[PDB]
Amino acid sequence: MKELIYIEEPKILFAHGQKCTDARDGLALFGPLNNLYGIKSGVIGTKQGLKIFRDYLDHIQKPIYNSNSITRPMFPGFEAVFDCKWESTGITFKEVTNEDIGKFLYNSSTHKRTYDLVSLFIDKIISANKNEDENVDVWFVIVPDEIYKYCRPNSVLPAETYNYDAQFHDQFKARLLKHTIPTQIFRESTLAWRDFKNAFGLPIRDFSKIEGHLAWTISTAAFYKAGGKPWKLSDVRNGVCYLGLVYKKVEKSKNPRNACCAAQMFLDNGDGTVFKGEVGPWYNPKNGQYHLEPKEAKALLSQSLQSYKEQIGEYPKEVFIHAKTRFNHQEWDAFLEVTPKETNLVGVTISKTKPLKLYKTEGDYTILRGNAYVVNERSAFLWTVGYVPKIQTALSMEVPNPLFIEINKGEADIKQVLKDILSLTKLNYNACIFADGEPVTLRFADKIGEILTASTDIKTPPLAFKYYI
Amino acid sequence: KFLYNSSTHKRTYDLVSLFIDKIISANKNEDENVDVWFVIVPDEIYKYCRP
Amino acid sequence: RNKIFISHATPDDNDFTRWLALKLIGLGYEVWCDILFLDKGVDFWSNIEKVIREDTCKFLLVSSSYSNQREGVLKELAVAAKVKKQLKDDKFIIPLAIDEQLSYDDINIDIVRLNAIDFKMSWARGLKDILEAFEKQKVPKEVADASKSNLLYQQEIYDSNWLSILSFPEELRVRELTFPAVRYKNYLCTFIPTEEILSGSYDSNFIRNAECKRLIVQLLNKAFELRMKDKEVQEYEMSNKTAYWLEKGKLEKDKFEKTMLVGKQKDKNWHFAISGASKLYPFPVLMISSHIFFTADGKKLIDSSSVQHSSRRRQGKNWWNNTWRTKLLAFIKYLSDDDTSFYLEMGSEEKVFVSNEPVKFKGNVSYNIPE
Amino acid sequence: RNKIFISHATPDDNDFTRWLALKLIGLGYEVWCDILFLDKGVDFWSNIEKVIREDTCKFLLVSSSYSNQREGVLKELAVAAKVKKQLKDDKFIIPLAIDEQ
DNA sequence: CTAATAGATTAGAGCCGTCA
Ligand SMILES: NC(=O)c1ccc[n+]([C@H]2O[C@H](COP(=O)([O-])OP(=O)(O)OC[C@@H]3O[C@H](n4cnc5c(N)ncnc54)[C@@H](O)[C@H]3O)[C@H](O)[C@H]2O)c1
Ligand SMILES: NC(=O)c1ccc[n+]([C@H]2O[C@H](COP(=O)([O-])OP(=O)(O)OC[C@@H]3O[C@H](n4cnc5c(N)ncnc54)[C@@H](O)[C@H]3O)[C@H](O)[C@H]2O)c1
Ligand SMILES: [Mg+2]
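Quick mapping for you: the protein sequence lines, in order, are chains S, X, F and A.
Numbering (the numbering used here) for the first sequence: 1 to 469.
Numbering (the numbering used here) for the second sequence: 1 to 51.
Numbering (the numbering used here) for the third sequence: 1 to 371.
Numbering (the numbering used here) for the fourth sequence: 1 to 101.
Simulated from the structure, these hints should not be mistaken for laboratory data.
Each residue gets a CB set at the ideal place from its N, CA and C atoms; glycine is no exception.
Hints should not be assumed to be uniformly reliable.
Claimed, not checked - With beta-carbon atoms standing in for the labels, derived distance ranges:
| id | chain 1 | residue 1 | chain 2 | residue 2 | range |
| --- | --- | --- | --- | --- | --- |
| 1 | A | 94 | F | 140 | 44 to 52 Å |
| 2 | F | 251 | S | 18 | 55 to 63 Å |
| 3 | S | 62 | F | 281 | 27 to 35 Å |
| 4 | F | 140 | S | 83 | 27 to 35 Å |
| 5 | S | 37 | F | 281 | 22 to 30 Å |
| 6 | X | 22 | F | 318 | 53 to 61 Å |
| 7 | S | 415 | F | 304 | 42 to 50 Å |
| 8 | X | 38 | S | 65 | 22 to 30 Å |
To be verified - So these bits of chain S aren't anywhere near chain F, every CB distance computed over 10 Å:
| id | residue |
| --- | --- |
| 9 | 4 |
| 10 | 87 |
| 11 | 155 |
| 12 | 184 |
| 13 | 196 |
| 14 | 200 |
| 15 | 201 |
| 16 | 221 |
| 17 | 307 |
| 18 | 310 |
| 19 | 339 |
| 20 | 360 |
| 21 | 371 |
| 22 | 415 |
The whole structure should be built from the sequences, with the hints applied where relevant.
Written out as structure tokens, the structure reads:
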């Protein structure tokens, strides 16, 4: 017989200085942190896409209701929640004729067609940003469903163009990094989900009972990409810097090699949270070697420490380096000789591989979301997916898998490690959910590395997430 | 540290860079939607940067 | 008399007052406030006195460092005290405490004997304090809204899949031969005391402890493979691992101890399958994984991973915790040998005994299961 | 904070209250009570409280059938109890007894 | 250097479900 400890919920902060565990309830009752005046939207696409976008904008001005209110709170309309204006009167439209989309999508070569389509879409945005006077906050791209299905890694149709990945989204986001333009890509079927059907007279995607969820998600994304702050973490310990390492293989560049991209989070003076990326990939020629050479690791640590010191003025007292691989001695010794002496380095490996499953005896639901089985002083299991009493349901189907946390280098208290990991799952601005499955230090550090490896080297890319997500 | 070079060209370059780097950083890596940018230039910057 | 009056200090406590007035209006009550309903160009003291005297059921006072010792607030309090005396309602006045800087020893002399409400910790807590008080006192709620105002009002021992290893053969001391054997140098490894191998103790230039543990794990895995081959259970080769399942008709009506391990889905059958991996961390166990495999006529599988994936996705959509748990436990009990264990043949006499019940976990926190 | 406060029912205990107040004044103790003290044209309920909270050393209470139910005397007693709790004084309140029924 | 036997790790892709 073994023992399970339970970890309390972290709570997040909204307007008026009020707290809550659910983002939706906090946004509905108190509203966002900062105060925008409004969002001016730039739309690029066909006339069908312009009509669809205008209709959807009109749709989400009024309250929207879900089938089950307990599971998913209602949407009370955009302005009731966000205290700003985002209407179909701030639209500046740049038409893209259908002849171009038809004619470029004909070379039968994924790379050439993807490059041509991305160039076609981005040249208009670049020109509208350079040669015009109108002000645009977030640009919205409405791609027809027919080009989405053909621009994928493995896609077959039923000149510096080979240096990029053959995915529309990654290349499109990458090639706008040097102009710093926020953007939100939509699919015609995501907004006009009724009009796209199958052999039967039903939509392929049925949003009838989860329409308020889509409204919540789209509104939150649009409000974040316009320079807003919808919530923050209530309790973050002072003098603690969190990092994140992920390895993305740089496919098809003269050899099989792989890079590394990072993210950081800390509490700054003024009770603010600085959640921002850590850009500039660091490579190693070896194939299948997910590690850093000493020279490439000293640079990364120096960069992170200098950033924290510049914003705060003193070095972090504690630094936690979360990762999904295991460090080795050769690189960890590169650490600790750029680090000062008044700072603690702790390396935490987070994985979801070990197959442990827990079942309730004589029940029908799953295990709670705070439960953890502490195996040792350097190992533990944490359940980040499970039954949440507030929404009266679990965050997954079947039986969830636990998250295996293992202190790898340094010494730390495993209970505190779990407590800090659980609060890192509430900062998914790409989503409007109760909480995430894995820490966002590892999820946002993955998107940047996925977008940075689908283009040629670009010097000093932006750090803000709004240009990536 | 910039409006002292005694060469008009270099100090003009440095001051223009000092303002525009911040403007572009704010534009590319922040979540707000700023309609216009208002640049409040102290008098000394404008005074001597003439040809 | 169905208007809730709100007394405050203007403009120092305007934010909280406006919040409270908007909330109470949303919930359905009628609220009169100095900043939202007073007219422009009207005699205001006379109108305020008329409102307090003629139509007022509750007198909610905002109490703070500003609203204390204010002439307008005090005059309103005096008139409200007269109305309370005339109306014989001991709960006509209700102070609301919102300021953390106002000590309870410095409150007005007119509210000393009154039970204040605390908004200092959280405003929703105080809001429900006042809502509970209103429910108890039966303040007239003009419910002119449906499905909106009521929604504003509304706003352990576990099992596992680990089978502990009860015993090991004493001494440690080609894959196509009868028993589990492993090549190593010019020697042969097959069933050094094993009590010390699994303690991080033995070390020698002949072999390292970690390598010895790895070899023991390999021997255990081969033994399990052979043992399930000797149980006459059909096998499915997954991408890297292997799974085992029972043929249709093998069990009595496809049921073992009131659990069903073979069933029906349209033009396909579905078979519950398991796979096993032996580990020595954190303690010697046999980890079990659950799978579903689909056979065309109940005996032959489908040579297509797409249809297998789609059917497996469809079948698990309705299953839940109890279904998976009971099916796994039933399969393990089916493989059980005598009463509580199940051996792996490691040699001529030696055996490794595995428990047929999973490891049990215990916690101290649960949920009420509100259906 | 050197004034004796006399709380009582009105107008039922004015005779005994006046006798006691005059005797105490004659013996040299500063006393207070509506008669001879309350000013005409003033906010009384709010002057019943200032004197109790800032200008009181002892709190005499004339108890009888009339008292121990009147709202005013109970309010004054509550404020007196709070002031006693603040002052950390054990003998703030002196319940005089003048009745027998 | 080449070619097999395993245990223990990593990163990619592609398909399906979300309610009653
Ligand atoms: N929250 C409160 O303090 C509150 C509540 C109810 C009544 N009152 C009364 O007390 C207040 C005292 O105000 P003050 O002198 O301290 O500050 P002030 O007059 O500068 O500001 C107070 C506000 O001025 C306005 N006001 C005052 N006289 C007015 C008039 N003749 N015509 C139109 N608007 C007028 C009202 O909105 C009042 O609430 C006002 O006389 C009256 O509303 C105050
Ligand atoms: N400190 C004292 O000696 C003392 C004794 C008794 C009551 N009080 C106080 O308590 C009183 C209220 O309690 P109660 O209802 O039992 O008193 P009460 O019996 O005096 O009040 C009821 C009637 O109201 C009249 N009244 C109303 N306002 C008055 C005013 N401004 N001046 C004179 N008479 C007035 C009284 O004369 C009486 O006829 C008054 O507020 C005040 O006198 C003080
Ligand atoms: Mg996004």
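Structure-based check of each hint:
{"no.": "1", "hint": "A:94 x F:140: 44 to 52 Å", "in the structure": "46 Å, holds"}
{"no.": "2", "hint": "F:251 x S:18: 55 to 63 Å", "in the structure": "58 Å, holds"}
{"no.": "3", "hint": "S:62 x F:281: 27 to 35 Å", "in the structure": "57 Å, violated"}
{"no.": "4", "hint": "F:140 x S:83: 27 to 35 Å", "in the structure": "32 Å, holds"}
{"no.": "5", "hint": "S:37 x F:281: 22 to 30 Å", "in the structure": "57 Å, violated"}
{"no.": "6", "hint": "X:22 x F:318: 53 to 61 Å", "in the structure": "58 Å, holds"}
{"no.": "7", "hint": "S:415 x F:304: 42 to 50 Å", "in the structure": "48 Å, holds"}
{"no.": "8", "hint": "X:38 x S:65: 22 to 30 Å", "in the structure": "43 Å, violated"}
{"no.": "9", "hint": "4", "in the structure": "4 Å, violated"}
{"no.": "10", "hint": "87", "in the structure": "23 Å, holds"}
{"no.": "11", "hint": "155", "in the structure": "17 Å, holds"}
{"no.": "12", "hint": "184", "in the structure": "29 Å, holds"}
{"no.": "13", "hint": "196", "in the structure": "21 Å, holds"}
{"no.": "14", "hint": "200", "in the structure": "17 Å, holds"}
{"no.": "15", "hint": "201", "in the structure": "22 Å, holds"}
{"no.": "16", "hint": "221", "in the structure": "24 Å, holds"}
{"no.": "17", "hint": "307", "in the structure": "36 Å, holds"}
{"no.": "18", "hint": "310", "in the structure": "36 Å, holds"}
{"no.": "19", "hint": "339", "in the structure": "30 Å, holds"}
{"no.": "20", "hint": "360", "in the structure": "6 Å, violated"}
{"no.": "21", "hint": "371", "in the structure": "6 Å, violated"}
{"no.": "22", "hint": "415", "in the structure": "15 Å, holds"}
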